[PDB]
Amino acid sequence: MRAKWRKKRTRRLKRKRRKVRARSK
Amino acid sequence: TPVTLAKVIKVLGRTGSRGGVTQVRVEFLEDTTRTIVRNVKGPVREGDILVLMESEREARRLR
Amino acid sequence: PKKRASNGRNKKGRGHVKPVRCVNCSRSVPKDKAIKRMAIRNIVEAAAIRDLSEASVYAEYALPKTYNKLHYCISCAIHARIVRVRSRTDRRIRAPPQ
Amino acid sequence: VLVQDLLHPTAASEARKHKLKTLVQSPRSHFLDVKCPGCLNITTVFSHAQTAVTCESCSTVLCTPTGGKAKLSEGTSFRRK
Amino acid sequence: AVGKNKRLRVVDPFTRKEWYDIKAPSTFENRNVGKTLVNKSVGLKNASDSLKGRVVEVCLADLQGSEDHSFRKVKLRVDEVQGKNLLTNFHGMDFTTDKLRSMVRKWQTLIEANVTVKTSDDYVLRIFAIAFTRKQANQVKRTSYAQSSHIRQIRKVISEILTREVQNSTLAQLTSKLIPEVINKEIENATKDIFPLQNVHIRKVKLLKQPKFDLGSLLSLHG
Amino acid sequence: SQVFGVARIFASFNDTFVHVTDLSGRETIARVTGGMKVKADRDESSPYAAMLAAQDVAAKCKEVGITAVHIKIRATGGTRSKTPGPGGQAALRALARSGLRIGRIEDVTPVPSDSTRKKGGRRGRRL
RNA sequence: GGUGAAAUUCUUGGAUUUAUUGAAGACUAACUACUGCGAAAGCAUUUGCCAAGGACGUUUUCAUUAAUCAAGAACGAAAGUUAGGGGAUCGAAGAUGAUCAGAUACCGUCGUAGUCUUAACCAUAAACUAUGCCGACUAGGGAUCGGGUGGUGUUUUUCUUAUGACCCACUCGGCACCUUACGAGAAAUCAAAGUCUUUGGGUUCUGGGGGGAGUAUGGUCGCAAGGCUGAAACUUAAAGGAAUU
Ligand SMILES: [Zn+2]
Ligand SMILES: [Zn+2]
Numbered sequence: 001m002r003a004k005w006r007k008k009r010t011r012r013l014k015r016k017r018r019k020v021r022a023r024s025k
Numbered sequence: 005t006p007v008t009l010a011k012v013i014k015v016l017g018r019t020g021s022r023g024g025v026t027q028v029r030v031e032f033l034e035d036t037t038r039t040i041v042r043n044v045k046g047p048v049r050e051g052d053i054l055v056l057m058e059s060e061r062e063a064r065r066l067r
Numbered sequence: 002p003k004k005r006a007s008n009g010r011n012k013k014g015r016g017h018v019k020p021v022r023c024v025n026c027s028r029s030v031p032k033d034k035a036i037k038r039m040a041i042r043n044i045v046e047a048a049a050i051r052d053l054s055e056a057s058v059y060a061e062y063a064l065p066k067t068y069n070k071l072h073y074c075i076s077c078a079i080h081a082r083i084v085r086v087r088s089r090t091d092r093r094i095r096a097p098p099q
Numbered sequence: 002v003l004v005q006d007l008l009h010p011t012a013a014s015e016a017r018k019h020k021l022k023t024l025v026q027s028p029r030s031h032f033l034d035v036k037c038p039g040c041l042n043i044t045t046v047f048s049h050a051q052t053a054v055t056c057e058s059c060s061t062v063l064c065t066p067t068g069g070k071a072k073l074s075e076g077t078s079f080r081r082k
Numbered sequence: 002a003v004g005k006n007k008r009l019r020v021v022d023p024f025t026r027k028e029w030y031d032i033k034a035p036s037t038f039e040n041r042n043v044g045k046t047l048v049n050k051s052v053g054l055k056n057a058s059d060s061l062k063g064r065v066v067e068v069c070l071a072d073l074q075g076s077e078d079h080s081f082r083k084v085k086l087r088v089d090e091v092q093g094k095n096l097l098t099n100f101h102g103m104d105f106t107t108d109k110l111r112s113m114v115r116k117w118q119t120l121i122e123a124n125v126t127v128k129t130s131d132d133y134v135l136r137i138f139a140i141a142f143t144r145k146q147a148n149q150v151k152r153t154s155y156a157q158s159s160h161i162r163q164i165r166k167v168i169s170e171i172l173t174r175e176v177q178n179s180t181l182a183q184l185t186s187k188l189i190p191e192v193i194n195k196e197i198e199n200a201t202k203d204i205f206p207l208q209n210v211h212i213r214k215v216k217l218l219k220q221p222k223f224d225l226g227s228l229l230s231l232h233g
Numbered sequence: 011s012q013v014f015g016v017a018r019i020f021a022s023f024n025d026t027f028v029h030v031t032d033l034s035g036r037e038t039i040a041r042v043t044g045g046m047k048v049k050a051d052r053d054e055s056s057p058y059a060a061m062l063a064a065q066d067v068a069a070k071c072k073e074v075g076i077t078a079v080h081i082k083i084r085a086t087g088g089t090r091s092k093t094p095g096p097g098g099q100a101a102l103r104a105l106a107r108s109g110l111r112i113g114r115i116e117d118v119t120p121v122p123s124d125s126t127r128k129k130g131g132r133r134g135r136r137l
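Chains as they are written, first to last, in the authors' numbering: chain h, 1 to 25; chain c, 5 to 67; chain a, 2 to 99; chain b, 2 to 82; chain B, 2 to 9, 19 to 233; chain O, 11 to 137.
Please note that a few of the clues may not be correct.
With a Cα cut of at most 20 Å, we get these calculated PhoX-like pairs of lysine-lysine [as the list claims (entries may be wrong)]: (1) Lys-32(a) with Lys-129(O); (2) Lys-109(B) with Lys-66(a); (3) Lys-49(O) with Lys-5(B); (4) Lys-66(a) with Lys-92(O); (5) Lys-70(b) with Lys-18(b); (6) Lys-109(B) with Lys-82(O); (7) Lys-37(a) with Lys-92(O); (8) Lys-70(O) with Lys-27(B); (9) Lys-92(O) with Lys-70(a); (10) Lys-70(a) with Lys-5(B); (11) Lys-92(O) with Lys-129(O); (12) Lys-32(a) with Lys-13(a); (13) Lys-109(B) with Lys-129(O); (14) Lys-214(B) with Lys-166(B); (15) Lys-27(B) with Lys-72(O); (16) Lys-4(h) with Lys-14(h); (17) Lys-72(O) with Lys-5(B); (18) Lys-128(O) with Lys-70(a); (19) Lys-116(B) with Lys-12(a); (20) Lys-72(O) with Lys-70(a); (21) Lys-19(a) with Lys-128(O).
Please keep in mind that the hints were generated in silico from the structure rather than gathered at the bench.
Using the sequences provided together with the hints, build the complete structure.
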């Protein structure tokens, strides 16, 4: 386990958040 | 600036925030054979006589 | 891994504690986990007891050992060099030497 | 340990033990003959009355509420049963 | 300059002012503790008006001699002008913040209580109290902790003594009960059965409200 | 004979105040004090600043004559620095060896009975 | 004001300071501890009221009355959402000087609003003691909080033992700790991860290399935010945890 790729996942789930926002909004 | 001269009967051990004051037991010769220690720094042995200003002073830890 | 059994906290039956702030950086921290310190310290340096004792009327004033409490987030508590690091097989002993 | 004989344990074992955990289950506390200063109402009251037991004849309330074991109200003489 | 004056010598306060004298309540040995200075007492806004009402903290070892009157300080209230003198009325008494900070140690509880009571006069007074767990002569229980019901019993007790004392008498006699700490002794003897309870003391007696003029005591302090 | 007071020493980590205050309780003298003299903009709170302010205080005392005061060594308090740093020691000592009447050194550090939360956000400062 | 060091301030119409008095709101520092109370979120002052609860007391009674438990419900840290309420040195974005190779990471000043209450959502987290819940058996010590079990103990003497207070011997229940295994384990370490290939006391669950990805797509709950349930194709032979040099 290493939290640096977890920080990548955090950032890219913010990306999915904005993208599903733009589509759905 | 009255000047007085002292010798160390026994060195004690360096201390300070980062090595502040060189503990030099100032037997200021006019009142020799006493254990009053004052503000001194420098290279340290025993046998030298150097200059101290105040005859009488006290002090706690040099925090 | 398993470093410090108490998680360096010493609550172990609890699970919330009110926070506590620093005083050198003003950072919060859980109380028990933290490193604060009491100071039963002299009100004045004994580089002054002679002069102060003399020029004081009502001879032999009490000279109060003042108290205080400092609060340090572990940041300041190793930046200002209070707690010194150790090994494992030595960390266990808690009883402070002085 | 590593040898023992627990069938008939020495009394001190039980004395130092708690009921509900002994070998042969038994209770501790017991009754008591309360004897009032007035009419000789020779009554029986248990050591943990738990409630305001009174003498039958004269209102000389005997065992005050307790935490546990009863407390004789300083006037009665007791006979252990 | 570095100290800026955006705009958007001072001489001789001494002659432009005058001194005036402390005049303590009679229960104190000395009817003076220190001096004050103030604008020259010319009428037409006499500064003696902006003199009455001030407060002053003084030492009670100083006004009752004995040193053990030390770690409490008494606040006195400026009342009215007598000419070069100011007969101050009593205003309260506290510990010295350092000492009260000093008695607070670890491995023993504190027990606090409050009360507010009226007086024989019309002077509404709020009073407080602190106490602590004694460690018995043979006591090994490092903790010495006070369980809650004990706390409440003791607290109530304190309230009854204070009520039995306040709302029963006058200001100066209240000070007299205070300075001998007789109230302390009453508390100790009454409470000692409950719990050992040492370092019992009082504090922080404060004024709330008084009737409008009441020239009575303000003039009776001296003749 | 004597008049007492409080010098009202005000020790922060910068530019510590001094203000003679008799027991009148609201009477300082010459607000121009240690915020003036050591104009290095980072020596405002240095022991030399304290000692020099203390000769200023001794001079002020003599020209006003009140030989005695009391001592409240003070921290900023509030939510910051409730232990006065260096900005108090030398002023006290020089005043003591400055021909005054010492008396009643004490600690008015106002630890609040749990007032507002501190400043700097949860993480605080970084170093 | 500041760390390693500056801008921004009012005023000689008044100021960082000095005390004297008025108002909001936050919270009870110090004692506040390898110490409590709950299911878990948590909860710190004092009091009243309301019930509730546990633990111990038991020579009361009910006479297998139960343990976990998809469906369904209640609570549910903080964030946000709606409205209303409050509107203070303690604040995301936004202004604001230098560190400005570049500061829209740091850092100081100004600071909306979440910060707080009422009505409703919202249903996640580092909700981790990373040890599911019962219950059954085993190793030695000491301490400690709530009970009790004895002791001519001692002091306070309401008091004689004791119940105040402690003290000493015994327990039974609360967070634990230090030696500790012969027994585990891959190891750091173990008071549960003990009683395990010398394999089974009972149940509720959750995952099979990493990415793609908790993504798409359907539902469904909500006003969204959002979760819940959430795959591949394609790619890849390593990612990875402990422990030493
Ligand atoms: Zn800090
Ligand atoms: Zn009868």
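Comparing the hints with the structure gives:
For a cut-off of 20 Å, the pair hint linking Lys-32(a) to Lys-129(O) stands: about 17 Å separates their Cα positions. Between the alpha carbons of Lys-109(B) and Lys-66(a) the distance comes to roughly 9 Å, so the proposed pair stays at or under 20 Å and holds. Using a Cα cut-off of 20 Å, the hinted pair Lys-49(O) and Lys-5(B) holds, with the two alpha carbons roughly 14 Å apart. About 16 Å separates the Cα atoms of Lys-66(a) and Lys-92(O), which keeps this hinted pair within 20 Å; it holds.
Proposed proximity of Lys-70(b) and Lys-18(b) is supported: the alpha carbons are some 18 Å apart, at most 20 Å. A threshold of 20 Å between alpha carbons decides the hint, and for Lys-109(B) with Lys-82(O) the separation of about 13 Å falls inside it, so the pair holds. Among the hinted pairs, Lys-37(a) with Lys-92(O) is consistent with the structure: their alpha-carbon atoms are about 13 Å apart, no more than 20 Å. Only pairs whose Cα atoms come within 20 Å are accepted, and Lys-70(O) paired with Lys-27(B) is accepted, the gap being roughly 17 Å.
At roughly 8 Å between alpha-carbon atoms, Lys-92(O) and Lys-70(a) fall within 20 Å of each other, so this suggested pair holds. For the given pair, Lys-70(a) sits about 38 Å from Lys-5(B) by alpha-carbon distance, which is inconsistent with the 20 Å threshold. For the suggested pair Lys-92(O) and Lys-129(O), the alpha carbons sit about 14 Å apart, so the restraint of at most 20 Å is met. A distance of roughly 13 Å separates the Cα atoms of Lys-32(a) and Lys-13(a); the hinted pair therefore holds under the 20 Å criterion.
For the hint linking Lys-109(B) to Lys-129(O), the alpha-carbon distance of about 30 Å lies beyond 20 Å, and the restraint is violated. At roughly 18 Å between alpha-carbon atoms, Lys-214(B) and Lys-166(B) fall within 20 Å of each other, so this suggested pair holds. Distance hint between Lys-27(B) and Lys-72(O) is fulfilled; the C-alpha atoms sit about 18 Å from each other, no more than 20 Å. Restraint check: the Cα-Cα separation between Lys-4(h) and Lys-14(h) comes to about 15 Å, which is no more than 20 Å; the hinted pair holds.
As the CA atoms of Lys-72(O) and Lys-5(B) are separated by approximately 31 Å, the hinted pair breaks the 20 Å bound. Under the criterion of a C-alpha separation no larger than 20 Å, the hint pairing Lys-128(O) with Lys-70(a) is consistent with the structure, at around 15 Å. Between the alpha carbons of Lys-116(B) and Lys-12(a) the distance comes to roughly 18 Å, so the proposed pair stays at or under 20 Å and holds. Pair hint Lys-72(O) plus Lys-70(a) does not hold up; C-alpha atoms about 38 Å apart against a cutoff of 20 Å.
A hinted pair counts as satisfied when its Cα atoms are at most 20 Å apart, and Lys-19(a) with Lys-128(O) qualifies at roughly 14 Å.
Consistency with the previously given hints fails for numbers 10, 13, 17, 20, ordered from lowest to highest.
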